[PDB]
Amino acid sequence: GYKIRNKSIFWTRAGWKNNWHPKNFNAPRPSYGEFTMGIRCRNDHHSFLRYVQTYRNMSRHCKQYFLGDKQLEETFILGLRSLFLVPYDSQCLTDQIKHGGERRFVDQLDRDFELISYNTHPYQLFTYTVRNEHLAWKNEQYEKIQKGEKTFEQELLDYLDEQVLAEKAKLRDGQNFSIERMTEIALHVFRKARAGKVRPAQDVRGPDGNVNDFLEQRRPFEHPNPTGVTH
Amino acid sequence: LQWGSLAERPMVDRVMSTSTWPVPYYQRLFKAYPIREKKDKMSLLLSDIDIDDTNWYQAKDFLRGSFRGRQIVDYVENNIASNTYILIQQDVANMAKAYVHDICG
Amino acid sequence: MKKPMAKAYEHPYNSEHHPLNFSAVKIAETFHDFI
Amino acid sequence: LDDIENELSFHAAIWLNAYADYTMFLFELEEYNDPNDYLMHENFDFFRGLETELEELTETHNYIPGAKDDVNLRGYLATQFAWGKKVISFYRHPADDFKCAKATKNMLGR
Amino acid sequence: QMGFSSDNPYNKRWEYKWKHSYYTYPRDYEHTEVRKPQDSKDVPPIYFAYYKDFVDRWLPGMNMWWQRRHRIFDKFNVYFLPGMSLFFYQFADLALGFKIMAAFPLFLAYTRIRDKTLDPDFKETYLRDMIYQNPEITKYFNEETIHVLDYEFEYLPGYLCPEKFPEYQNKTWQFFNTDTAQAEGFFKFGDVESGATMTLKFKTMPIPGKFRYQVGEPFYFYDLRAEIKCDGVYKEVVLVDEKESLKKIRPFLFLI
Amino acid sequence: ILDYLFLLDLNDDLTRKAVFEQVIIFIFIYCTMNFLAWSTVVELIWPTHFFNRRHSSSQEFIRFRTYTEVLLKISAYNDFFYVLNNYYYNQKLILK
Amino acid sequence: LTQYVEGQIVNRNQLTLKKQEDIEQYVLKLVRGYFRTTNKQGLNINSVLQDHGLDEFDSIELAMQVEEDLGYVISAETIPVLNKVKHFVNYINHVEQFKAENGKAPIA
Ligand SMILES: CCCCCCCCCCCCCCCCCC(=O)OC[C@H](COP(=O)([O-])OCC(O)COP(=O)([O-])OC[C@@H](COC(=O)CCCCCCCCCCCCCCCCC)OC(=O)CCCCCCCCCCCCCCCCC)OC(=O)CCCCCCCCCCCCCCCCC
Ligand SMILES: CCCCCCCCCCCCCCCCCC(=O)OC[C@H](COP(=O)([O-])OCC[N+](C)(C)C)OC(=O)CCCCCCCCCCCCCCCCC
Ligand SMILES: CCCCCCCCCCCCCCCCCC(=O)OC[C@H](COP(=O)([O-])OCC[N+](C)(C)C)OC(=O)CCCCCCCCCCCCCCCCC
Ligand SMILES: Nc1ncnc2c1ncn2[C@@H]1O[C@H](COP(=O)(O)OP(=O)(O)OP(=O)(O)O)[C@@H](O)[C@H]1O
Ligand SMILES: [Mg+2]
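Chains as they are written, first to last, in the deposited numbering: chain h, 38 to 268; chain s, 22 to 126; chain b, 62 to 96; chain d, 125 to 234; chain g, 31 to 286; chain c, 4 to 99; chain q, 45 to 152.
Warning: the hint list may mix true and false statements.
As the list claims (entries may be wrong) - The calculated DSS-like cross-link candidates involving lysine-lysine, where the alpha carbons are at most 30 Å apart (straight line), are:
1) 68/b / 52/s
2) 20/c / 175/h
3) 223/d / 194/g
As the list claims (entries may be wrong) - A few chain b residues that face chain c, going by a derived Cβ cut-off under 10 Å, partial list only:
4) 80
5) 85
6) 86
7) 88
Hints are computed from structural coordinates only; laboratory data are not their basis. Cβ coordinates follow ideal geometry from the N, Cα and C atoms, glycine included.
With the hints as extra help, turn the sequences into a complete structure.
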């Protein structure tokens, strides 16, 4: 498609693709015991234990609002680990960060936990919204099954199972029903089923099989254009 | 439920329109988005992520929906000496040696 | 099929029209509703 | 034999799940066209989850662009001809300050 | 005993050391288990951030001063510094220099109180480097498998026995100091790999080093003992014996 | 009742200083200026975030899944994704 | 004392082991119950958690579950040394011995 042509795109004054120690004038310089009277420094060796406690806090304080959903707790753990494994897997040399990458990431996670303790972190609100929509769709499938009715997902699977039998009963020269062939069969059914949601299937024509739907249409009288002029 | 013809495509793809003179001068700037609703569509961020823990976790979720799948999940998590659920086959050592121990009979 | 959970947690101070947290996305929607 | 029959089954189920991920993305990508002709909030709806990550940056006051991105490609494109060409350091918060100060036998801390 | 202590249940020996990047304090203290949504109070009340800073920063700081209030009751802090401040306060309206000479002994008193009321902190990395060099300890303990069961370290009150430490029977030193600046404590350790436990008792004191006026080490272990307990073996390791240590070095006798 | 409440007076402010009426004009201007400046800085992190999260990936490196991408794959899949996986599993793992 | 379990409020019960055979059975059931643990039947007393798909962060989740079942308050300094099944068994023994000798919980 399109590639960056500038060969010097990742060059910095500190080297190639260096986002851990950008070059500045006030560079770090060593200290000597014999010659140093006093010092004001905030660096310590408390980041490791703060990294462990922050995980326990962020994990436990978030499970307070999971209502015991076991599958949500395990999903959250996988997501929480992806946030803590950033310094270990990134291309950036996190052990070479300017003034200590360990302290920087620990203080960054503390700001996240502060929002977590108040149940106002955007990851939390996003989890509640996503899970509610998922449970509403699972409850819809459950209520249809209790009524003995067939779900829309089960009808697709049974329809896909019968199309495979039809395509393989004519495939005698070759006998490799590859995953590529299976996929394009399911995708073709999906495109017709997706278009069928906005225009349902009334007759044998099937989902979205009416040409009259695409003739000239007008807004209903009880719902005109609310935002702009029509003429 | 009706499915129509598998050989045909949706009617949206088959409907067409042609132009004529005169033609409206106006050039559309943006696509209209009057109502902020994009339900039932998966996020396009899920594009080119490599294999990871979410793959074997969601595999068990869908496998446990079947009888045969429940047997596979319980057997793998109990009777397979692997230090990870991200199974990667780069050799046929365990495959070939499992065949020579069975084809003798 | 096991009976799923009825509902997840519902935040008492987050709505779609009055989102609790701020971003340029919500300001963009209110902006294009205005113009 | 039944040990590898169930091992290769779960192994295939993992990579079939990854195959379905890539397939369903290309399927959803058909409804996405002209990324330059969408509104700001509609483009973020296609890429659901980007608004949430943008809110986390704002609420934690990480308003330095590209600080939590491993490859701030946008930062490199903006500084191709910048004086003192540099990008922001990884996970740099605008409020942190690691400045030190020492007193030695010489003046100015030397 | 740790002087700085909040209602937070975790990491009591690190509470004063850890510097969080929090803008304000968390809504609740660190949970000891998963709780219910109705256990915590949504939208904490108004002026919650000001209340938390008083009970998590102000109040435990005053309890630290109160716990060790006996170390600041010297004739220098009690009579001399306030007496000097009152002498110049009577002429505070005559010139600006009297206001400064009346406030300096107050700031000097605060600094002595601030430093003397802090928790006694030894160089723990020197200590762990010392116990991991002993072969009898490394047989049952290692840094990767050791865990802390109990920690105690506190200053010793008053002047000690005036035969083991004749240094503190000094009227000039007693004018500035009411305690001996020595501390005593122990360390309850355990090894999850070998199943052994030990009580690392220690006594510290400030010593002079290499220079005329500056203290060399404010917490020098002049007595260091380990009572190692195993499955069926009880060993007693003596890293630093006080009978051999007190014959070579003597305390420092801080002034001011 | 105390005389500290006299600071609420603006009828007779010309009798004491008459400075309050002019200083707040600057403060209102100063707030308007910082509003235009700060909102521009904080809001304009989105073009960088939108571009990097969609164009910064490469094939010689591993793209790791974020928190949101974990929740969307596991708890926000649609019906077509659920069918395609069970369709693959039934045809290949069960029906061979 | 009560917690939500699948949307239902269920009273949480606490265990008191006070026996070597019961501690080993609890830790094995604890580690096997974790959803990231691989080769659950190959797990024994001398099993390294790394060999079963567990890292430093999984030990925190396991230690968090020990506090739920036993009522312990485990400090952040102790968690990073629990890397084997034997380490959990010895730590639980040391906590029970400490409370039986000192009459109080270890420092948290
Ligand atoms: C209407 C509602 C509102 C009303 C508001 C107004 C009301 C306010 C009320 C205030 C009064 C109550 C508060 C105090 C109650 C404490 C009672 C008590 O029992 O405590 C004992 C308690 C002992 O506890 P313990 O361990 O159980 O005792 C065991 C043994 O008994 C221990 O045995 P020991 O042998 O070790 O003895 C230990 C003991 C020893 O105690 C003593 O021996 C007494 C010594 C007191 C000396 C005071 C004079 C110093 C100067 C004298 C110099 C004379 C010689 C030179 C003369 C030169 C003349 C120029 O140590 C002390 O307790 C003394 C601590 C420091 C006191 C001196 C502070 C000096 C302040 C100077 C300014 C004074 C302004 C007053 C206000 C007037 C103007 C408005 O000690 C404390 O709790 C200390 C509390 C904290 C110190 C409070 C002192 C004030 C600090 C505030 C700083 C600002 C001061 C004011 C500055 C203003 C101008 C800038
Ligand atoms: C008008 C709308 C609002 C605008 C607000 C202001 C916008 C500012 C836009 C960014 C400009 C900032 C300039 C900073 C220096 C950039 C150049 C550089 O990094 O030096 C590298 C330079 C340039 O090296 P170079 O390699 O990058 O470029 C060399 C040029 N060529 C390529 C042509 C050879 O190298 C140095 O080492 C020189 C160091 C001198 C540094 C002087 C900095 C002084 C100012 C910084 C402190 C200012 C504090 C102000 C805060 C006040 C707080 C109250
Ligand atoms: C003469 C009459 C009284 C005179 C007025 C006295 C007013 C004193 C209070 C106002 C000044 C407070 C200074 C604010 C700036 C420092 C904030 C601070 O204290 O941080 C605590 C700090 C906290 O430590 P820190 O700030 O270094 O941080 C802690 C470290 N981390 C974050 C890692 C946990 O502690 C101290 O400084 C030591 C205790 C200081 C005590 C402060 C004054 C208490 C005075 C008690 C008077 C009680 C009688 C009056 C009231 C009676 C009821 C009506
Ligand atoms: N080599 C150093 N260089 C620069 N600053 C330092 C250095 N050592 C300490 N500092 C600063 O002085 C503070 C006190 O150091 P100190 O050794 O007492 O900490 P510590 O946690 O008690 O160590 P330990 O666990 O060994 O007892 C430190 O928090 C640090 O900010
Ligand atoms: Mg120390």
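Taking the hints in turn, this is what the structure says about them:
Between residue 68/b and residue 52/s, the direct Cα distance comes to roughly 35 Å. Violation of the 30 Å bound is thereby established for this hinted pair. Between residue 20/c and residue 175/h, the direct Cα distance comes to roughly 71 Å. Violation of the 30 Å bound is thereby established for this hinted pair. For the proposed pair residue 223/d and residue 194/g, the alpha carbon gap of about 46 Å is over 30 Å, so the pair is violated. The closest approach between the C-beta of residue 80/b and any C-beta of chain c is roughly 15 Å, which is over the 10 Å cut-off, so the hint fails.
This hint holds: residue 85/b has a C-beta 4 Å from the nearest C-beta of chain c, less than the 10 Å allowed. Interface restraint check for residue 86/b: the shortest CB-CB distance to chain c comes to about 7 Å, inside 10 Å, so the restraint holds. A distance limit of 10 Å between C-beta atoms decides the matter here; for residue 88/b the minimum to chain c is near 7 Å, and the interface restraint holds.
The structure does not agree with the numbered hints 1, 2, 3 and 4 stated previously, though it agrees with the rest.
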